[PDB]
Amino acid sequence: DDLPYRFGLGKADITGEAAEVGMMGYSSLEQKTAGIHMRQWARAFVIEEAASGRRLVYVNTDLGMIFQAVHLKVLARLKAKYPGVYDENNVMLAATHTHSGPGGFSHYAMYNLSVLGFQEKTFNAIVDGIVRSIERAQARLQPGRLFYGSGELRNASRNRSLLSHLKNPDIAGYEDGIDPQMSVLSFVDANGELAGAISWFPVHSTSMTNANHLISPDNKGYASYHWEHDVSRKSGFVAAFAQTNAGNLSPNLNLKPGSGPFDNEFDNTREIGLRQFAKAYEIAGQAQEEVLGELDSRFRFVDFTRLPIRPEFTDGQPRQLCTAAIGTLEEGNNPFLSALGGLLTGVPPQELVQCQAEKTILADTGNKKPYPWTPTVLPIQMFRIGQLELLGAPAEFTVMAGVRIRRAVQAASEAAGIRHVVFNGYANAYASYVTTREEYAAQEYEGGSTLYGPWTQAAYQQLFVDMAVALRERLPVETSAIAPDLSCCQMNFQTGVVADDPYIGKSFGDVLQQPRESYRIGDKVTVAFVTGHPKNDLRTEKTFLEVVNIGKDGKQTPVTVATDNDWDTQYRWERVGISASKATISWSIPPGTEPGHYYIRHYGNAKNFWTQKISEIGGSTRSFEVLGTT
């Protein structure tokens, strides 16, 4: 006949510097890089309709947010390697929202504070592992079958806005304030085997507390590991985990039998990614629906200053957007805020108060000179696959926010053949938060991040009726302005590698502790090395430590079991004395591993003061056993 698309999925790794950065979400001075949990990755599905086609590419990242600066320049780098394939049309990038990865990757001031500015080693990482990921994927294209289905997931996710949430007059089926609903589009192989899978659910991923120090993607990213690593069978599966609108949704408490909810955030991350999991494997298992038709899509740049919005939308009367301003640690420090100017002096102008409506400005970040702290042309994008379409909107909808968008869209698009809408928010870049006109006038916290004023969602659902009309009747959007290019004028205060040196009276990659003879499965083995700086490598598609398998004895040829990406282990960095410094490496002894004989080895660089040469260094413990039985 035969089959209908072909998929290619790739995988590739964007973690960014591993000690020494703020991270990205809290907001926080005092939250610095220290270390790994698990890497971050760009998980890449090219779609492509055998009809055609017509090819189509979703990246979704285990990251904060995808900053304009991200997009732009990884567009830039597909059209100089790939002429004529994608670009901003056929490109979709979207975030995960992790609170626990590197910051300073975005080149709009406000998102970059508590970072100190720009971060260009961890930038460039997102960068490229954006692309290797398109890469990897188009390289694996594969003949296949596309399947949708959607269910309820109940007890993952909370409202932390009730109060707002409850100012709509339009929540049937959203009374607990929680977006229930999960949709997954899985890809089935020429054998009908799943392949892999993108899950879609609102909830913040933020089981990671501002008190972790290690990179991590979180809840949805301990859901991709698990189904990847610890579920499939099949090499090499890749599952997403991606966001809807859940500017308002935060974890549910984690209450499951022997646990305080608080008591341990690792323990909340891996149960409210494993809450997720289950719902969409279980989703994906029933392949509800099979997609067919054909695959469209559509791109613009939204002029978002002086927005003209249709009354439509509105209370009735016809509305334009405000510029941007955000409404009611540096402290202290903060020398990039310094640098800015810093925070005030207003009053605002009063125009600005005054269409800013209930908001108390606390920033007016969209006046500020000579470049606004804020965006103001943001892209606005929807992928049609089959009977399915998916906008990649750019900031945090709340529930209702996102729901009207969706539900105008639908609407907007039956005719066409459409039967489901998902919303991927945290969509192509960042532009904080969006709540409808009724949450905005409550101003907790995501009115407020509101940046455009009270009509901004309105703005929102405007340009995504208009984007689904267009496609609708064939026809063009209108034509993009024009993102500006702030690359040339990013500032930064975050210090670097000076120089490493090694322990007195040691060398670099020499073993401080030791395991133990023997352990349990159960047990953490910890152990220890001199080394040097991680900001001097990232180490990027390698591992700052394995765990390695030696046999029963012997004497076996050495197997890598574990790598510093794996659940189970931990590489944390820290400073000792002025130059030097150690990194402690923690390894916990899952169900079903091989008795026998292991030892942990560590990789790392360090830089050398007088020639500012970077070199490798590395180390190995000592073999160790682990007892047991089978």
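Numbering follows the first chain given and starts at 1. If you superpose the two forms and keep the largest set of C-alpha atoms that fall within 1.5 Å, you have the rigid core. Compared with the form deposited in another entry:
For the residue set 252, 138, 462, 543, core-aligned C-alpha shifts between these two forms reach 2 angstroms or more at a single site, 252. With the core held fixed, the Cα of residue 173 is displaced between these two forms by less than 2 Å. Core-superposed comparison between these two forms: CA of residue 349 displaced by less than 2 Å.
Put the two forms on the same core and the Cα of residue 445 is off by less than 2 Å between these two forms.
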Second form
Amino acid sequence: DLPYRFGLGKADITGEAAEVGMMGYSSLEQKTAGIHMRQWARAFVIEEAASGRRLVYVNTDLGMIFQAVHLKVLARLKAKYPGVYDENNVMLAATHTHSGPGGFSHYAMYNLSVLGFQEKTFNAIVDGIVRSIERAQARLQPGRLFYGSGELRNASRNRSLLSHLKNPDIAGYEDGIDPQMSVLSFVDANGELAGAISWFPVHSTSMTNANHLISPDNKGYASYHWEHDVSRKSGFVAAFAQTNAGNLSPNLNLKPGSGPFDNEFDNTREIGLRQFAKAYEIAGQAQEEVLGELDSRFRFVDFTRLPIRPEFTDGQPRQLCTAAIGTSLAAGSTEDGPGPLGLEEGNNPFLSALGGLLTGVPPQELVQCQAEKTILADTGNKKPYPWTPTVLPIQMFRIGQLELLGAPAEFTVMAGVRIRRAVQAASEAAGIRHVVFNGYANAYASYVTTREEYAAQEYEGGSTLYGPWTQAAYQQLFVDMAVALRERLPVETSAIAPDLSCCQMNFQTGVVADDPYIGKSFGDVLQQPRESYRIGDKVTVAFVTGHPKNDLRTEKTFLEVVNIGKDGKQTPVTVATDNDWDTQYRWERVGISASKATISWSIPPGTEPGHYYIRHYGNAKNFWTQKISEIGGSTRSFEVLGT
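The form deposited in another entry, contrasted with the form deposited in one PDB entry above:
Excluded here are partners and other molecules; the one chain stands alone.
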């Protein structure tokens, strides 16, 4: 028989496509205005031979998975699958894409630029994650797990080199880059690649703060290219996860010119391509088969004044400071949007309802505990609720000789490396040979910098919430969890994660009413395609539509490129959907309450020469009935010429 069983599942988690602040850039003005490609939850269920011990890892095309999401999906999994799933064996991570709708956190600080909690996006996310896990378990099949690694030196650059070089122990990271990519491949009973999870550090910020189209960014393109363009086996699921990318940017030049590009879409595709290429090469090598038990540990840790043993600090006992954000340099900002929550409370009704950024003075105890940080906002002391998390999840999965760490924050290269070495040192005797550090997991508590980097207070340091010893605390938490795994004892009793579902505000307007263009009806074609197009041309079409906020069209689409044959009379077969890289769905307000759906298609090489037409699906809400109806239209047919 085989050592393991695995199940690969995928579900739509795309949020509100129009008029909701995007998550990542903290830009008040960056609201969704369409979709380039959808966001997906990719679940990997791993079962272990004799026992049916189960582990679930889900990587999401999101900026991060906030505590609110974690708490909700687990509550559903625990209630619906009692005894099989709980916080011990469910890990949720994010690719950290900055092109998705926000508002799915329960902490004000992360909802600031979005003007609050966006329930519709939040629920689409928890439901999609749960759905991906149900689909993955439903596809449990026997197989083998392989682990391998390689180096990728051309897909990232350190955005805070000055701080990075402050670390004495950077042997192997002299240029600021963590070139290591790890790949856990899943091979079915026929020795065929069923899926894979690739781990490699680099912000998914190829799409800038000027973009308004939803997008999985570079990691999402890598996933897509493998699933849609490369793999011929279906049910194929490829996830591209993060490790320690706190100070790693994909824009190789310094903002929106990665390698030599000048273009964010080209940059997104190329960076995704390079990550895909490396992962594909590594997976093909099937370097080291994974074998051994499956195990896990989870613990909610209250960070408030958490005791840090002298061996992780400078030789003296320390206690974590309550959360605070300090100022730092940019100029505009940098790795893309506006910065250190300098969202000006003027156009922010949500910010003023909270009481402004600053309120009174941070206690003198907080000021010195925070050391070199010059506090801009004391988020930990905010009332009635702190704007940042205080109880955080620490989780480790043992998968054979592999240990997967789920860390609730963005860790700089060295912040993660140190934790990795420390955990690897503690797990050696247990048979662990590879420690995979997965940041952006289970919750989001900003940045983690090493004591040294923190002292320089560059962007990541300013956002290292709990003080100079935040990195040390995390290293102490993961080491203690690792020793527990090694000794087979429970980890300490979990603290309680605050449930904030009760007090969420929202100042972002929903859909009031939709109206067709004057004299038109929803679904009407405002712009018909040209008579014919050649391969490589971009077909642009437009429709009278309704606000996409009315319906996410989860597991569905706002458009379809349909092929009706060489003579135009064959059974219509759809060749492109709103998820595809080749298509784009854009929404724009026209008049007072009307709106336009602009759909574009870049005919890709390999397109069957023939007749095609574009179909649009939308939803419109009526003011009088408050009813949301389905709407749509289809353009006339155009011809695709062999080229």
